[PDB]
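What follows is each chain in one-letter form.
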Amino acid sequence: XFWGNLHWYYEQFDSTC
Amino acid sequence: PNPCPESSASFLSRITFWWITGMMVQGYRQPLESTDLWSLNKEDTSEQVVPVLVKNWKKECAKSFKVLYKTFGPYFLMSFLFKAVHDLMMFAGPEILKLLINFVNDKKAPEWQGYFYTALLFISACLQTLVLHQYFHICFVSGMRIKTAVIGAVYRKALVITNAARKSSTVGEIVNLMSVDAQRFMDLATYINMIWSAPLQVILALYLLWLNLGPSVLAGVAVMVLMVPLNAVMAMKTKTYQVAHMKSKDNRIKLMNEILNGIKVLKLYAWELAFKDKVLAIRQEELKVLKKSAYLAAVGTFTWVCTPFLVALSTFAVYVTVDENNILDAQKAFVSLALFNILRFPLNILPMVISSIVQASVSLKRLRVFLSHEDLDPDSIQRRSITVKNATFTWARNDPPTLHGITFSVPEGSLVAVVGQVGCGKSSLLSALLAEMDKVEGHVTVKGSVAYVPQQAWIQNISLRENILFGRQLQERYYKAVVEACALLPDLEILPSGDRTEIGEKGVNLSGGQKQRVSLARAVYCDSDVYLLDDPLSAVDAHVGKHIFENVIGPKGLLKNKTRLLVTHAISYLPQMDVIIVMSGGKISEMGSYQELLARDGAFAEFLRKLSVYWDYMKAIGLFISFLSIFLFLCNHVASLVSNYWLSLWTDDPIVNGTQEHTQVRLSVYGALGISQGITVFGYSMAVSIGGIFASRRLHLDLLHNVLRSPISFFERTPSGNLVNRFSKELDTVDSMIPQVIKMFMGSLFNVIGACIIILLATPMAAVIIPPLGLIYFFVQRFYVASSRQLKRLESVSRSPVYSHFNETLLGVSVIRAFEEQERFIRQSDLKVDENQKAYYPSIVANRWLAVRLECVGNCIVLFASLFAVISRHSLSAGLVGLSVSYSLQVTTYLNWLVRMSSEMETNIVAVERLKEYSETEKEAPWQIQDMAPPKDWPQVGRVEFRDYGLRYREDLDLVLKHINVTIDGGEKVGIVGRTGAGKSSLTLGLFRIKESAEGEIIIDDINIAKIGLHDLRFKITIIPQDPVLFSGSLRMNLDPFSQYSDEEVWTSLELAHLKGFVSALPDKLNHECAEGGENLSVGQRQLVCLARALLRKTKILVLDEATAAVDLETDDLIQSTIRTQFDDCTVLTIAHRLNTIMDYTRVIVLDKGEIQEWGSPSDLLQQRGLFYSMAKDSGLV
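Just so you know, the sequences run in chain order B and A. Going by the authors' numbering, the first residue of the first sequence is number 1, and it counts up by one from there. Here the second sequence stands for residues 205 to 268, 314 to 633, 643 to 867, 958 to 1530, where the numbers follow the authors' numbering.
Think of the hints as simulated: they come from the structure by calculation, not from any bench. From the three backbone atoms N, C-alpha and C, an ideal C-beta is built for every residue, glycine too. Hints are supplied without guarantee of correctness; some may be wrong.
Derived, one-sided and incomplete: chain A residues facing chain B with beta-carbon distance under 10 angstroms [claimed, not checked]:
no. : residue
1   : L381
2   : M443
3   : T550
4   : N1244
Below 20 angstroms or equal to it, Euclidean Cα-Cα: the simulated DMTMM-like pairs (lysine to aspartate or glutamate) are [to be verified]:
no. : chain 1 : residue 1 : chain 2 : residue 2
5   : A       : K1140     : B       : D14
6   : A       : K1180     : A       : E1143
7   : A       : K614      : B       : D14
8   : A       : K488      : B       : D14
9   : A       : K525      : A       : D499
10  : A       : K697      : A       : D657
Extracted from the complex, chain B is given alone in its bound form:
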């Protein structure tokens, strides 16, 4: 749910994506 990133991350960067 990041800035200028519609990259799909299978990772949980601290969840609450």
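Put chain A on the given structure of chain B with help from the hints.
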């Protein structure tokens, strides 16, 4: 009983995660609950995972903790092998693609070689998806296995830790250590491999790019690299706007909390419209910060879409120009373009990885600090009734010793009494025997089991029966005897549920006396050998203590032949106890029995001395903004597909003399289409973000009007928490979440459609494979979206009891170690952690299940696309095949977003309908008709008449008032008195038309009020409530929120009110900031403020509700004295309880039932011997 199917599933099942398919299809049919949930694997259970860590920590600690994280090392080491294989398989698609484009171009070649490449491409892509999601499974498992282990270790440590070390941290910080720091080590376990993987992925991507084009390819890498710090700077600016928005939000919610609470007074004064404008003034300040956030976000979605173009343009423009002999082929153009999209992922994920590894190193340090604290020495007290020999105790490892030189021995089955002044170490003495304090020198031992009763009673939130039982088998006869003996039956009967209820921690609140009485009983029921009572006597009365002491603690009570050492401030029960021990600043001054110890005259003698909801959101944003955004969106996606199709024509042109003929002409047109694309991306991004602010403004103003037009019945039936949650949660969703989601959803949906259009434009035979794959995608999405939300919900509700339990444990550490029930509370914590993982484990497998199905449909699209090209070689050109396959190769990523943002949409759109919930509800009468408007005739006399009037409280109920017929002349002072639950209160609600007249009529000055507008009535008459609440803000605003009349008028009103002395010569004269329902000002001041409000309007009909109810008898006289002189010619209809006020009037009306029982003069009704005479006698004053 109900095992995990993974362990009893075949090899192929485990590879493709087919064993969860049963739980997915079930989750659609019916809702999934905590019972319909598998048992954990043996190797995931707390009792297997936790003991391996605490063993290695004990071993490692001896030698003197990333060295202790070679516990989960062996399993996690397998991760490296799968991830390494994935990185080399990743650069197979582009390498195979180059051969396939050369094949289609090389006309005179063996045809079969084509089919071989397209087969080899599908096989390569399908081993990639399988190996990837094997790598992710064992990463997400190892992270889950760390969480279980860390929580386990922290909990065990929290019991053995010493008081000195626990005083270092807060109860919050230790609960946050289990909640935040342990949670980060689930996440770290995933992306920690990307530290070595991403640089290796970048290094390869650069090198394959270099061989394909040349040194020219740097120009492309430069752009993508320069986007990373632009993404960082803009991601920082949004965070500062988010905090600025959040601070302004709380001001609006805090004001709404006052409005929702104090609507009852707000309606009576007609202050609905005034406070509507006041909330809107704060709302506009919040919508200006979102408007600044909207412009920024637009640039966020701009850079994302135009990056893959800008990179392509910059690289080809450089390559083509620098030398004329550089020919751009399909095999160069589309392979490099595909490599650039492989190169794009690692650079972007690298700033998030490094960012998170830093934050993990903060959490790693916090754990290392907490784990490596000094535990209590267990063999300080022997545990072979109680004896001490020259014991010295500190609270901290090095500190001035608290207790110094104590040597006392207590016979078996005797009552000992510790006495002295405050801060003599009498509190510390019992903490020393329990081995909480650190020993310096001396010998201490206690014989048999020990039962403890602390000063500050600890009561864990469970069934009050199971609280006193404290994990023991029930014995009904004995349980009855101790509850009776503790004098808990008088308290038990009062409690709503009675025997079994909830605790004040999270439920019905118990008083200080009741908390001690449960805590005392808990120890009594246990029936241990030795008892250590740390001042149980904090009860309501000494009469209560007499019953407890004699029946429980004393020699005639329960604990007759049991050792019971007690410490107390009381001097009453000393002559009953056997031996008394006097202390003096941490030293036993003198020991002896009550009789002999007084005779010596020592220290003891001195001591005694739904598509509908989407359409509702469409009408909210506005149709002009809606249509303009959809038009600009389709303009972008068309301008995109044409530019990629133009690139695929630029490739296909012959080489006349080592030159590509027209290249600058094509390069320009390719550049132009990109600007035409980029402009329209910023268009619909801004259009949608602007639209989101229009809906946000509309739906807030719509909701806020709907609430205030409601009657008070709505605010009684509807819970306050339900309304507050609406303004807080649901608006925030419409403001931030929905506008960002709808552009990500539509963006994804039309990228998938866009990719299919190119495949069909390249190969028309592609049609046949579109319905089969689409039908599969629909069904896998259907089950996931349904089942996944249930599992995430179950996980979020099952994690809250783990933190709730640990917080209770941390408070009652002294008790748990006194009774020695650690083992019980360990299993209690292991059970709760397992119940959280039981929910979390399906949740993570559900993601692996979907990902294998979606990527398999992704690999089917790239298979058929590339295959049909080989079937129709002789028709197509090299450029179209490049473009067709290169697009199909990106489909897999969009399908993930399309399924996610489908699920995110379906949850967020629910909030839109719930903001329009109170749109069609029952609304009160029109605020002003302003057709039959009242003139200035009402104050001329002030006649009031009820004509057979009657009201109900509820819509369907027995009548509260009935047959109410009486006439009141202008200037008459009328009294209304009765018994409790008569309905005299309801007559005030009827006069102000809160509830509309159930039957009959009500007249004021020959002009019926039932027909006339509410606000025209509400202003013309004034009211003094029971508890006049003050709204937070100016005192100038609090008196007159409209600020219509002069400031001298406000002064002369406060002068007559006799509140001149208050806010007279304070620097805050008129603009004093009130807050918290008028907490700054005292009880008496509030009555004078609401009197001043009535003295400002100067209306001829006033009403008083509980004017003399719990008053200090200072403002009571000032109220009555002002009423006499100021309202001398004005009508007043007073609702009073006390006779003193009622006695001094011209006329009085008395009703006990719904009907008017008696009426006349106070002096007349005393002589008549009516119900007034009976009321006056029962009151007392005759």
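We went through each hint and held it up to the structure:
no. : hint                 : in the structure
1   : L381                 : holds, 8 angstroms
2   : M443                 : holds, 7 angstroms
3   : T550                 : holds, 8 angstroms
4   : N1244                : holds, 4 angstroms
5   : A:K1140 with B:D14   : holds, 16 angstroms
6   : A:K1180 with A:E1143 : holds, 12 angstroms
7   : A:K614 with B:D14    : holds, 18 angstroms
8   : A:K488 with B:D14    : holds, 17 angstroms
9   : A:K525 with A:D499   : holds, 17 angstroms
10  : A:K697 with A:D657   : holds, 12 angstroms
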